[PDB]
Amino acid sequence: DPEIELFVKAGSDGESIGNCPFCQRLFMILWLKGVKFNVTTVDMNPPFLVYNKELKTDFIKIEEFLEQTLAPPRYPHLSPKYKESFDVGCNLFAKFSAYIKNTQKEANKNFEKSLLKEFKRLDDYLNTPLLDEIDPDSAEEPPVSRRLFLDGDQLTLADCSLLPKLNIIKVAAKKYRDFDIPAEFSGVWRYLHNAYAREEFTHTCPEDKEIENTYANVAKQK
């Protein structure tokens, strides 16, 4: 295979994995490709990629590049089967971003509700059986989805995008707003339990502190 170096943002010691959810997304893509690569952290905007001596910089170009040039059969395809696997998480980070930046405590419930509404949209998607889901015993569509991840039972590009952002939301909102993702979002929790069991996700996460540091001067209410 090719010679690859991924440059990611460094954490507060200038060495550890810092909070950069697109860097984690690319780290996941390369890991899931099953390709050799090195990861370098930068105490400097990341991620950047060196692929056979060429510097690449535009994330979208990079993601397209990798999916197209690291292809089957040597490498797994990572594009999701269903376009909505991508589309479901579209406003979730923005709602979190407004919630975590709000400094008016009496507005907290309104911003939290707006975040919960997006989590509900995600939960519904994760509970709705995909068109390809067939119960192995009855051959009926299951009544509630059982698939591991967004698109099916493998990690896809959808998950490499969404998972890093959900980790940030989970960590930062718990730290600064005492927020827990409701237990009643059983679809969301099944997905998170499955994801946190995969090392491509957990071992590319920065330490929670790095994410807490990102929000330390925005999330304190006044």
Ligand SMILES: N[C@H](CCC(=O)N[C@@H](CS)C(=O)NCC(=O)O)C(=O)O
Second form
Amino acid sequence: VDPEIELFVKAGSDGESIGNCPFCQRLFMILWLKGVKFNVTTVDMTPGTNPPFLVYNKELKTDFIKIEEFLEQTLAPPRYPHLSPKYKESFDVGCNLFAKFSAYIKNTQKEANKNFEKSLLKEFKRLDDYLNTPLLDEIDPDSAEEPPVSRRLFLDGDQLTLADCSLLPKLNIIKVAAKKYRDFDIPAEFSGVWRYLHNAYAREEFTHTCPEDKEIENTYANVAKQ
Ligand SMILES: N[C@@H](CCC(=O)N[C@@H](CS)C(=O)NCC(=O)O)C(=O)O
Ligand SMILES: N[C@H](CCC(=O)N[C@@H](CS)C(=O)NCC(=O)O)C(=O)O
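Now that you have shown the form deposited without this ligand, what about the form solved in complex with this ligand?
And the full complex, kicking off with our chain again.
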């Protein structure tokens, strides 16, 4: 016995596939991690406004910040898990990452590239520090002292949370778009960032909600060319 849920997300270039839409992917991830039954319909953007929107027991919801808080609240225990993070810093971290990428990827002045890359890099470093630094709840299993490097799987702990549902779609877009148009690789030295990405891309709830890389590339084909 579940509620009736259809999530409407943005379609990709063929009008049917999953398109590039990080807020759509965020809600898709939330619903999957809740364990609730739901259908996903893609909307060809070539009623409401832009996706995502959601129909929940026959009622249309279009304010998508409000969709997130409604799902988290509504779909509650005992039946479904709360997905909110233990620590707020799990949200706060990376809150500026996408904006720094957005400036960098649309910069058309080759001479400013180094400065824009440095600004993106400063945010990656901040995320990396959050991910390598043990959370307050972490106890090394061999020594019972606080680990010298965090080994938790995700932002907030060993389970995917709302924080991950928000950030991972943004990280995928950055990874794909920046590589294609600026030949940028997330530095290998950001060992926490990569621990997190390898763990996340190991999860079907993340990888199978990603659009094909080409969709993301198509998004930036006209803004990211210098
Ligand atoms: N800010 C520069 C010149 C290159 C540049 O455009 N940098 C950036 C990216 S961090 C910027 O905010 N541009 C200011 C502008 O709009 O001209 C420098 O350090 O010499
Ligand atoms: N409308 C579908 C998108 C739906 C979709 O791709 N859902 C997949 C992700 S690839 C899924 O794993 N859904 C399982 C679930 O609802 O739990 C399409 O043909 O592109």
